[PDB]
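Position chains B, C and D relative to chain A; hints supplied.
Protein chains: 4
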Amino acid sequence: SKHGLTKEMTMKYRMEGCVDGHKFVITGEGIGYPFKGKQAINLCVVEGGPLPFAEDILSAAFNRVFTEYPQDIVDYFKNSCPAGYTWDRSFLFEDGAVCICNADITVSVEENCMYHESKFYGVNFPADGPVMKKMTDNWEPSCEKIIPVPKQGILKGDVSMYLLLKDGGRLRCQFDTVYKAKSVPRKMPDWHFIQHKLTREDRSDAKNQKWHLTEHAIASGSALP
Amino acid sequence: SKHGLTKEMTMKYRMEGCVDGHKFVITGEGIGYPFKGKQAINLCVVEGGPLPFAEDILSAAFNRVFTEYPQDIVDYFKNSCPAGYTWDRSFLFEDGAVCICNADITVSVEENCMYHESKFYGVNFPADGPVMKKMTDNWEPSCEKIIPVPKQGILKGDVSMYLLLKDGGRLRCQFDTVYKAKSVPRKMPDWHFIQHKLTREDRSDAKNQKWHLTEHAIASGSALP
Amino acid sequence: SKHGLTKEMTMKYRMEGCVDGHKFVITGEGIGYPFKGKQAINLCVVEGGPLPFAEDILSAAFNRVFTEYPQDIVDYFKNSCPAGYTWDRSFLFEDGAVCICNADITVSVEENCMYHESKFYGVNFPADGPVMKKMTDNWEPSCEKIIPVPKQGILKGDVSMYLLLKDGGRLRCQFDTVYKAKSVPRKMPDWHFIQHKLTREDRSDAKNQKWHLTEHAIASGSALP
Amino acid sequence: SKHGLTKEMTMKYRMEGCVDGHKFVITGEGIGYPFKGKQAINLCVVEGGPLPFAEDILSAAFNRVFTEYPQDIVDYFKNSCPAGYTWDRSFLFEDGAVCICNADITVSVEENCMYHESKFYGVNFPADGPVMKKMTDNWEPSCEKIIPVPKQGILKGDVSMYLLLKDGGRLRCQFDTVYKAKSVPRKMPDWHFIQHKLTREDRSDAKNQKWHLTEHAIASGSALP
Numbered sequence: 004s005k006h007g008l009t010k011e012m013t014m015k016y017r018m019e020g021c022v023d024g025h026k027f028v029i030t031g032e033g034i035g036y037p038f039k040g041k042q043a044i045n046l047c048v049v050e051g052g053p054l055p056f057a058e059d060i061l062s063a064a065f069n070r071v072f073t074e075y076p077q078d079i080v081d082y083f084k085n086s087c088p089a090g091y092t093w094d095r096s097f098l099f100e101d102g103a104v105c106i107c108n109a110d111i112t113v114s115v116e117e118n119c120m121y122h123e124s125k126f127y128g129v130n131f132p133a134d135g136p137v138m139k140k141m142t143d144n145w146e147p148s149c150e151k152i153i154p155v156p157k158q159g160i161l162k163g164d165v166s167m168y169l170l171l172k173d174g175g176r177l178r179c180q181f182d183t184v185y186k187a188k189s190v191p192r193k194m195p196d197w198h199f200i201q202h203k204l205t206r207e208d209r210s211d212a213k214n215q216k217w218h219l220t221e222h223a224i225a226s227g228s229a230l231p
Numbered sequence: 004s005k006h007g008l009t010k011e012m013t014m015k016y017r018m019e020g021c022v023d024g025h026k027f028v029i030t031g032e033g034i035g036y037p038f039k040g041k042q043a044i045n046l047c048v049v050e051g052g053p054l055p056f057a058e059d060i061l062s063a064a065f069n070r071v072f073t074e075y076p077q078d079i080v081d082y083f084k085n086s087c088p089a090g091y092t093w094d095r096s097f098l099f100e101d102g103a104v105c106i107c108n109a110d111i112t113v114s115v116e117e118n119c120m121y122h123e124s125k126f127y128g129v130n131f132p133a134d135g136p137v138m139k140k141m142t143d144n145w146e147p148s149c150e151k152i153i154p155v156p157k158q159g160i161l162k163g164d165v166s167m168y169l170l171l172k173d174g175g176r177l178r179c180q181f182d183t184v185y186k187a188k189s190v191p192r193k194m195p196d197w198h199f200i201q202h203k204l205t206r207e208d209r210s211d212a213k214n215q216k217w218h219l220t221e222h223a224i225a226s227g228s229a230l231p
Numbered sequence: 004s005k006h007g008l009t010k011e012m013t014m015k016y017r018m019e020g021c022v023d024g025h026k027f028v029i030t031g032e033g034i035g036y037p038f039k040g041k042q043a044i045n046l047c048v049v050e051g052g053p054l055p056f057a058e059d060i061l062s063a064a065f069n070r071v072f073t074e075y076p077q078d079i080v081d082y083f084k085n086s087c088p089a090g091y092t093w094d095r096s097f098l099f100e101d102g103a104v105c106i107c108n109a110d111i112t113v114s115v116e117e118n119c120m121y122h123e124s125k126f127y128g129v130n131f132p133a134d135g136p137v138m139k140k141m142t143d144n145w146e147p148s149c150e151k152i153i154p155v156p157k158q159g160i161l162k163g164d165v166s167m168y169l170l171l172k173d174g175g176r177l178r179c180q181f182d183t184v185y186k187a188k189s190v191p192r193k194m195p196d197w198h199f200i201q202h203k204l205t206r207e208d209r210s211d212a213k214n215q216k217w218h219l220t221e222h223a224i225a226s227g228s229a230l231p
Numbered sequence: 004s005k006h007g008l009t010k011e012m013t014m015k016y017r018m019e020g021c022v023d024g025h026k027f028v029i030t031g032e033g034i035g036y037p038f039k040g041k042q043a044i045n046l047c048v049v050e051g052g053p054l055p056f057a058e059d060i061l062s063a064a065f069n070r071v072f073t074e075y076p077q078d079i080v081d082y083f084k085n086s087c088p089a090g091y092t093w094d095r096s097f098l099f100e101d102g103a104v105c106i107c108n109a110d111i112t113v114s115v116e117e118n119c120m121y122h123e124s125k126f127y128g129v130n131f132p133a134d135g136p137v138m139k140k141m142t143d144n145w146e147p148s149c150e151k152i153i154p155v156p157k158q159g160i161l162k163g164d165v166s167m168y169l170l171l172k173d174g175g176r177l178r179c180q181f182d183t184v185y186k187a188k189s190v191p192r193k194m195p196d197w198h199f200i201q202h203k204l205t206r207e208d209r210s211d212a213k214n215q216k217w218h219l220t221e222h223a224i225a226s227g228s229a230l231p
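Respectively, the protein sequence lines represent chains A, B, C and D.
Read in order, the letters of the first sequence correspond to residues 4 to 65, 69 to 231 in the deposited numbering.
Read in order, the letters of the second sequence correspond to residues 4 to 65, 69 to 231 in the deposited numbering.
Read in order, the letters of the third sequence correspond to residues 4 to 65, 69 to 231 in the deposited numbering.
Read in order, the letters of the fourth sequence correspond to residues 4 to 65, 69 to 231 in the deposited numbering.
Same shape as in the complex, but just chain A:
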């Protein structure tokens, strides 16, 4: 219980959102390894299912506690634990669609469990587009830049994301994030990168829309000396 964290943790999730006027509630459970930056998550749509839009857009909404950090970069995210941190993100798609997501991350040390509460709002996805037609096929791996805001004790993230399409194409989406520990820390990182890789597999049956998500994420500094 280095910051209330252990090598293998469980996670519980609850998301509320509204995309193109369609409301929904999703819940989930997962297992992850904070220090390896690995997590695996099972989501279940609990209101408003089946969703009229691609599962893939919600992927990056479901915890930088799961990142592998080298000893030589401050780990703003694990240091914020157990109380945790919150984040706000805008997604700007190349076709004018816009999302905002908000999440709150917290640890129960007694349960060795992370609680994740999020809100997802999306507007202006064209009904004819790959998201509303569910023609998407996961995000490509990426490199996000993490930038400290020193006067404020918060971080920014900047990653240009690509949602791959079933027809072989790709849809660009700009993520701009604000990461805020619940207690603004005296120790702050220098700017660094975090690389990410997602997998997503639908496991929906007759009763329920359900899928499986994984992330693998590793922080690092510039490769140039």
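It is worth saying that the hints were derived from the structure and are not from the lab.
Among the clues, some could well be false.
[Unchecked claim] List of simulated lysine to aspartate or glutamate pairs, EDC-like, C-alpha gap at most 20 Å:
1) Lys162(D) with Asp164(A)
2) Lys186(C) with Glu146(D)
3) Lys162(A) with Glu146(D)
4) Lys157(B) with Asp101(A)
5) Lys84(A) with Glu146(A)
6) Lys162(C) with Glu146(B)
7) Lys84(C) with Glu116(C)
8) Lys125(C) with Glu146(C)
9) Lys172(D) with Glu19(A)
10) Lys172(A) with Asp196(D)
11) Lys186(A) with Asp196(A)
12) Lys162(A) with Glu100(B)
13) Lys203(D) with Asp101(A)
14) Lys26(C) with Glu123(D)
15) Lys186(D) with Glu117(C)
16) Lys162(B) with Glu100(C)
17) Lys26(A) with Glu19(B)
18) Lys172(B) with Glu146(B)
19) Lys213(D) with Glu74(D)
20) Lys26(A) with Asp110(B)
21) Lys162(D) with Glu100(C)
22) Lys125(D) with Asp23(C)
23) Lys157(D) with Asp23(C)
Chains B, C and D in isolation, oriented as in the chain A frame:
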């Protein structure tokens, strides 16, 4: 009760939102003239006040039923009444801040009253910026383009907005809106303009954050023959 | 010769540019009415023809001297004559393509003729897109906002443009312009609108790519009192 | 003379451009190591000096031949040699300024020298801004994503850049590039990253504006297995 509307109506409002992590609830009452495109509104912060951000950002969230339309353009908004219409908008500020707002408009014909329920979410306003420092001084009058989407029976709005600043400057914000009647109509307008003019005056006292808002709005076609 | 201008003038044009690596030179002649805001132009491709891209993208590059101004708004553009004015514009298309155009406008009072010299550079139009496939069908009429920059004696223009497509669709393009009289004037306008309407008709034959362009443009203040 | 390249090469440069209406010509000479991804360049302003804008904006305009590539990623850039390749880029600054740059790269095998011819156009830098006030202090190291366009035999680059400011701040700029070998190759890379690090030092004296630029660049695949 042409569409359940009369020449002078009252309006009730309830807004829930969250800007840079700060939650709030606002309620309001107003009086307006649908056919003149004129409205006047009094807002009161009922949770989360005083607000940490400029009142001005919420202005365009508080009803295209209040627009003066010439006989020769279909009035998508009055035609949707009494049931009403919903809209979704993204605000993209020049400094990277992003909002989304959602509203639902409906008429009680028996009460001669419009009900307005909205949600406002904003992220990434810099703490040092004019919005979070409350250094803004109303929006400049504008011309919004309204564009029909014929296969779908909905409209888009496109207006480039300018929030004026107390120091003499201006902050650009791009509004992209989707307007959706609750029943998709057979009669749709051609593209047209709507011009808008807002006024805003804070009337906050010791007990309550409160302000007064007005809009005047007129639709028209191109000025070129 | 109010500013070296008369009610009906001729115009000569020369444009050099490069779009997606393809270089070209266009020359033209026209006739216009400065005080009515009306002009008609004939262009001829003189190097690099036939063009691999839609004629329509060059339309707004070919003179705010041709705008109808009411007496109650300063006419920054006619006041700059005969010496004239220069302008710089960025075009940002919704699909990531980007152009820049630069023009220089000047009067020969002796010839009652406006000289127009411009540069047009475009990058990143997808080869598969409506511009490079020549699938476009004129711009929709628009309303540009003109904004004074008082410390500097220059104007900005902001117009959200829509290039119509032969298949019934539309392509958004954001124009941001800087208008600079060659002598920064003591008399500056307040912000106002200019509305525009273009027509374009190809008149290409066997020897030469050629087309005809017209503009009609009228300035005005807000329609709200 | 693997593709006409050797381990250490000289480079000659000529740039023509225009930023906010100010024209200029720059020439340069350098020495670099193609296989190490290292180059060092000396620039001299030969017309239009001293420049009214920060040297730093021209930095990324002055050759992906200088990138360290692992054996397991196709090197589109060295493979295009000696004939070479061309590229087109848009720069979109957070404050609305816009640039376009075009370059042509070619090898003289007999002289063991790379020739670099470029064009740089910038508009809408505010006179009051850090670029026009020369208040900038180099770009931060970055990670660019290189994306193949398989039907066309060209690459795209996407990098979100940060120009550091003398006052401790930062200015965001989005680079979107198109890389085109003069002969479209049968061998194309998969998407990968290139990381970059620039240094810039002014060496201007009484006669001439002059500076020294270096780049170090290394390609790599995702760090996630």
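Flag every earlier hint the structure violates by its number, smallest first.
Hints 2, 5, 8, 9, 13, 15, 19 contradicted; others consistent.
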